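Single chain ahead, written as structure tokens, the form deposited without this ligand.
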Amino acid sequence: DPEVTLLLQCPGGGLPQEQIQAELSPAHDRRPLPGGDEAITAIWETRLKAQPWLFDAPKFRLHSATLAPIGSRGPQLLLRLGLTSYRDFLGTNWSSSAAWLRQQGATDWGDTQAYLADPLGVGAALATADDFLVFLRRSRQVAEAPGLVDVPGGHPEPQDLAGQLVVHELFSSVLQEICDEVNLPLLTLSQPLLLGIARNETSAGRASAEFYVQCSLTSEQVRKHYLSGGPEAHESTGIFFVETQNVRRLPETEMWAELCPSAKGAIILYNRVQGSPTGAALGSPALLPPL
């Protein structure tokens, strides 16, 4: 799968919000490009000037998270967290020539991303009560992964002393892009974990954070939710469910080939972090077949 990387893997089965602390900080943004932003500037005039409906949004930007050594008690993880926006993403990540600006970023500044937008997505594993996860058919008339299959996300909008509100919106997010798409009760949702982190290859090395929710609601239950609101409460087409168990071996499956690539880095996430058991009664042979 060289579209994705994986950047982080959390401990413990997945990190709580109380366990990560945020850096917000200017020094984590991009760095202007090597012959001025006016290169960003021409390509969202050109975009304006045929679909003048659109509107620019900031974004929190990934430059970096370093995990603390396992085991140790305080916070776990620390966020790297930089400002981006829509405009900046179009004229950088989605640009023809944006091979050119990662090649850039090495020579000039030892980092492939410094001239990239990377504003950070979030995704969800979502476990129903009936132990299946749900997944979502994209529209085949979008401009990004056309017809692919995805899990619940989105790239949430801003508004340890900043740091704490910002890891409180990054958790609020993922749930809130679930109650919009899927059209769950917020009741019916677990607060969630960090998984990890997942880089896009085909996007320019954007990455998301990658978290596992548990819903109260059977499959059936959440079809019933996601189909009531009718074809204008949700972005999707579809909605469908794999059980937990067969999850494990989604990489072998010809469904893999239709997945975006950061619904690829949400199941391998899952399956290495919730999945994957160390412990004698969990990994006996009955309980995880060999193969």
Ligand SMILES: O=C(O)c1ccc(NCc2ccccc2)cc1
The other form holds:
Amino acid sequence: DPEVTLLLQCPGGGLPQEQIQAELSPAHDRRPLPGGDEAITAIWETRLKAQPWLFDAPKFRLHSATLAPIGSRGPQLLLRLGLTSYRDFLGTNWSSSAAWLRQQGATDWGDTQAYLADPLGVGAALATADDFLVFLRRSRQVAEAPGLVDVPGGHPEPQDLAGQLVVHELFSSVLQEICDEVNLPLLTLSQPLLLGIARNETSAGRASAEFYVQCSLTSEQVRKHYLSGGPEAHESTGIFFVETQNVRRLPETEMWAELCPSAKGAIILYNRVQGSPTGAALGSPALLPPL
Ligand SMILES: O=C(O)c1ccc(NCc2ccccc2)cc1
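For comparison with the form deposited without this ligand, provide the form solved in complex with this ligand.
Full assembly next; the chain just shown is listed first.
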């Protein structure tokens, strides 16, 4: 799977909010482009002169994520975050010249991402009470991955002592994205666990945090809530469910070719961190069938 790389796999079956530190610093920002940020302004002006209803929005930037030594007490992850925007994304990661920017960043900074906006996404492996994961079909009208299968998620917008508020907004944002798109009540959702971070090599390496969330509703009840919103309540064009039993071998199915890279990242991390049992009971052959 060349279009997805794992940056981080979390220990312990996934990390809760209380175990993560963030450092939000202008040191973690994109570097100014070699010939100046005028090239970003030119792309933005061209776009607004065709679609004048578009608007910019701020985004968090992922610089790096360092895990503590496994089995240690205290905070287990440090996220190094900067600030970026939708405009900077369109002028860098989504530019036809994104590969040239990656080569220049390796040359100038020893960092293939130094000249890239790299907005941080969030996605969820969302499990039902009857042990299915939730999938969404993307519209054929969207710019990126039209018509492909996705999981719930989005790109959170800004508003350890500014740190703890930023981690809170990341965890809150994945629940809000589930409530807004799947039309579920907030009180049917568990607090998220962070599974890891995946990079989308088709979008010049921008990263998504991938979370596990459990819902107290069955697959039939989740379907009713999603559909009872009507066509204007969701950006997706359909919902469907796969048994967690069957998620284990999803990369061997015809579905795998239809999944967008950030959804591939969510499913690889679900299989490595929530699946893949380590103990004698769940690891026994009748419960973990060979092949
Ligand atoms: O060309 C566009 O307008 C365009 C719009 C979304 C898009 N993808 C989703 C997205 C990525 C990063 C930040 C926010 C959203 C790609 C391209």
